[PDB]
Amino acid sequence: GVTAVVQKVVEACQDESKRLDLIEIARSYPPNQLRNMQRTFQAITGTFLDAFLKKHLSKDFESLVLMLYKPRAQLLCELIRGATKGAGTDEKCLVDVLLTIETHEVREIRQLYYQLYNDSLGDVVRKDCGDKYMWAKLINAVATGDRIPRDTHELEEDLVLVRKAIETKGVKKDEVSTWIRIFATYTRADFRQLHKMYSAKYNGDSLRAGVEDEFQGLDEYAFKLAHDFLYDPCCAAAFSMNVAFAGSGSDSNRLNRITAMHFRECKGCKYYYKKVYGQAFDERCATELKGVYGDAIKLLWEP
């Protein structure tokens, strides 16, 4: 019963030992029911859940929980807003969000973004990022474009063109269109087919290795992330989590958005994490994160 879940939330907030109940609730019920629960929460208590969570929680666990108890499309918009409004740009955030949402989800947030902010999502991103850097071109094309099915003939053409691109040092002028067309506009099915055609034709060489060769820095992250997401969203989740853990400390902001955006659907993340990085996800978590925050991240990713 919704009114009882409300009680469970209140108690998880008011007892130090019950904090992980917030994560259990988030993972155990569908989004529509969480949204409905929150409406009952305010009806009963007189305060919005968001404000309530803020009064009782702190630091990384607060930031994470606030993200989980939002409709996901609203979360995507807030992240994009947060990354662009005012001085500078959170480029990592934009890449993470834009490149890991399905085409229909992009259309949904274009519409929502305008309702929330009276701004065009595409315009906001282009204004902030420009259209010069390859990561910028990529996210612009995804922000304003569509992923459309194409004929096998087109895949065969593109195979030769991407190989050519991979073979030349640096992104050449005539290569820009190739990288953007494939990574911004291929459907998952077509991308998966090209991925297979490439390794078959080129003695087991991979598109992902070609991306590594061609790009550096944020460009390389962006194209690997688009690669992995098209190949399998669970791969992309593991890659983004690994990157967030990399180096001294870790990027809790990135861990939080990747986990809130993807835990629900990307159940194979832990499998891919171990397969690719050779260490169990929970073991990396153990050495990176502490306390209730670490326990939260491990539990959300547990299928």
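Between two forms, the rigid core is defined as the largest C-alpha subset superposing within 1.5 Å. Positions refer to the first chain, counted from 1. First, how it differs from the form deposited in another entry.
- Only one of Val243, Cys234, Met261, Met37 has its Cα shifted by 2 Å or more between the two forms after fitting on the core, and that residue is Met37.
- The Cα shift for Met67 between the two forms, taken after rigid core superposition, is smaller than 2 angstroms.
- When two forms of a protein are overlaid on their rigid core, residues whose CA moves 2 Å or more are considered shifted, and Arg188 is not one of them between the two forms.
- Relative to the superposed rigid core, the position of the CA of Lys270 differs between the two forms by less than 2 Å.
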Contents of the next structure:
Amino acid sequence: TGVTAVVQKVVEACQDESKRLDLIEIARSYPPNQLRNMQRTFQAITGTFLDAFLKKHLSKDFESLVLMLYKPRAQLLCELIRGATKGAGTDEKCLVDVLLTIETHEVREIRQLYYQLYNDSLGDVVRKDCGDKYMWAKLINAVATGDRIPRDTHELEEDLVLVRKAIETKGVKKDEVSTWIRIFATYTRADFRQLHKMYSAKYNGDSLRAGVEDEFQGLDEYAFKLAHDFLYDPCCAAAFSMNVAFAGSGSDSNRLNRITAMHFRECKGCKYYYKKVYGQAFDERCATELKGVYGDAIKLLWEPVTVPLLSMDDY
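Any chance you could show the form deposited in another entry after that form deposited in one PDB entry?
Next up is only this chain, free of partner chains and other molecules.
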């Protein structure tokens, strides 16, 4: 039903703790543009801005999640890139998570919106935020400014030999930087999946992904694994990033929030791939790592929607 009912449901969800997950049900039930229109009309209807309302009632982690959900992906990605320098350091992890998981069809609208919102170029902003020293920064710069274009069996055969050589040498040699960056930053999904298969066919079952582990450590290693998994299959990349956010003693809520908010609408296989890859059900890991409404929110967002979306305009 219509905007009135949705705004009332939002208000009742903040005022009654048993209704908190209604905020998530709303995120999962309407197209992002309609949720954006709702949030943009919420202050005009109620007298109070949405975030102000949410902060009175919700935990920081849960309100932070909700505030990423009521907008299209392009808007969310621009705000996350901008916010990566809200401190006076750079959130490198956030920039890597974002720049490496943008589909080709989305790139132009995002670059345009970024300039439109903040009147700087996204490429310039990324280059300024990250420099060009580290492999992860070289990789995201090449993605931020570049394009992914098709190739023939011929170039893939040559690159196979080059990437095997890079994998085989200790350290990232001078002449190898070009190899890593060209493949991971400029291949299409189709060609990347072909190269992946050709590699294991040529090298007795060895994998490209295992090679990344050989060559890189720390954030380099995460960034190259993330680009690999995204190019191979986005639900793989989503499962991998969520598994990393859970790693160690506690968990990274800000990363759990953005990975979930950036990807939950596109990636229906995440929980399934998670279980396949890690051997533990996503919800079971969630149950150990997270508690209360915030935990249930993350599990619920990642649950594949199986019915058609509502329309707020259908009134």
